[PDB]
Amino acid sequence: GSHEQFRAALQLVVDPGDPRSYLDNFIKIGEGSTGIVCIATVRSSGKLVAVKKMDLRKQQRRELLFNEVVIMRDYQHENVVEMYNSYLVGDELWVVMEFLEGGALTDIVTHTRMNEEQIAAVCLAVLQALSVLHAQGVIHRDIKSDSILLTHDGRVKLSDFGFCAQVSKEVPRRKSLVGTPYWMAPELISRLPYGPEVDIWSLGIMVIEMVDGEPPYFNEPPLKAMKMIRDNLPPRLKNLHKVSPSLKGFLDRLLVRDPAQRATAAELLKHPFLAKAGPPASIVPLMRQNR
């Protein structure tokens, strides 16, 4: 019983019982990597939460469902979406978590143009979370604007660890073709054993998003694009002229074709460009209901 074995394994990691008993008023607010995301009210407290529901029978790699619940279950960090509980409901795994009322970064990078103070602020937060995460040996593996959620007061949180993986002192690196094509590191598309460095490349691609409004090759079909990324040199900004030398210098320590030469999260935190980072209040005017 393959399906049933997965259920039983999951029942060993999730909190027991039916969460529908204590949740009111479900409202769908998105699609995730592995399932859909709703918000609901906690009947007792009146609080709002977000709920990620993943169907066990609808997964390409069902084993990936252990990632968030095993790897992220206890995690806490100012810049990482906080998980509250997990449950098994019918054939679905549910993750109950913090609701980020500000929506995703994607909506901002496709509707406005961020200044450099705001860009560095997003970059600072993400890198802070990546430094701690990469230290514990957790690779996100799907960094992009969709994975960046905001609070009402413009605070930034890393999200959707549905594709994450674990590396250790005994086994660092993965050989897995995971992520979103346009944002994938070259050594990953080249099927090479890769480590945490693939997140830094991806953050670089997200910088291009914040500057150009889209990633490189975004018009090409995903299979073709991955090849162009695999074959060509580090991509160039369509708006290099709107960008300061500092941001360029920053970006250039991220889009290194050589993973060994690519900068690290811990390194990038000390970079001068991040001195431009503004307070979370600087982000607020970019959000939809304010613009």
The other form holds:
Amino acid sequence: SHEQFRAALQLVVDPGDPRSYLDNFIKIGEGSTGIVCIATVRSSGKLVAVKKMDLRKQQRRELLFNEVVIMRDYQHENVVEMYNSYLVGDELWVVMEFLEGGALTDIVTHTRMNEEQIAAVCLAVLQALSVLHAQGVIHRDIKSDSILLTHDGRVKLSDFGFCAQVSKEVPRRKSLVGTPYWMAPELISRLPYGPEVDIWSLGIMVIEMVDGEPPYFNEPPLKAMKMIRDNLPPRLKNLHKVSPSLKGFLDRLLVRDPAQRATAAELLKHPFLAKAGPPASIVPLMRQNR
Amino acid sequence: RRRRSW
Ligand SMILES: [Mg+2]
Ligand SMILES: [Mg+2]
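Form solved in complex with its partner chain, following the form solved without its partner chain:
Whole complex next, starting from this chain.
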């Protein structure tokens, strides 16, 4: 059945082997579904990222089809560009744009962002989500680890491996998917859900940007999920460290009832986003600069 | 304190 799946993937990916044109693979990241290396394009000296995913090590192998088609068919200023995909032995390799600024996690765990910076991140993420959600694509794993940066502070959404599509014929999803601390309550409750789950997860990322970590982060994942499911929306550890504007914004994201939660389209009009700085305002937060 | 997806 692994052989069965390898054959299926071969029909969908690009032919060949990118080892023929790439040099000096260096591992830079470990994900939930595989590893990520930087590589040098031999002809150009340009750098790319290569996500390598072993078909034998997935919970749901068929989710790998998301890695082949989403980045390629849903392109945007604030979404990581994919170049090509290949079957290399037992692994799916995706060659994609290298986001040399690394992940937002490295910033939120090591420094404090001001509200100009938080708004810039939120604006970039919401622009991506408004376009994806209009097309029925739900990301389902929004967290700081999924937000990548360029050297010049541009913010891009990555890691669509666990995404799903909704449409008139399939208006909601049911799968238990995401990262425990960031999961929407309706998703934890196993109710049919839609794009709204990404907005909740974004609110949890706003808490990451303010506090350094999501709520209940010291609890075991299962216990955190119970608490998210059963409790009032999680509170900031330091409410005095956020403006009434940022609190009002957050109050539109962390709404338990998905019907009352703001949509990405609606949030793009929120006065909090008026504070967003240019990508330059993000630059000094990155490791190479701080 | 785990960050792994499910
Ligand atoms: Mg990941
Ligand atoms: Mg992923």
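So that the term is clear: the rigid core is the largest set of C-alpha atoms that superpose within 1.5 Å between two forms. Residues that one form lacks are left out of the comparison. Residue numbers count along the first chain shown, from 1.
Taking the core as reference between these two forms, the lone member of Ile29, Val70, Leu240, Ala266 whose Cα moves by 2 Å or more is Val70. Core fit done between these two forms; CA of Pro186 shifted by 0.2 Å. In the core-superposed comparison between these two forms, the CA atom of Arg173 travels 1.0 Å. Comparing the shared residues between these two forms on a common core, the single stretch of 3 or more consecutive C-alphas each displaced by at least 2 Å is 70-75.
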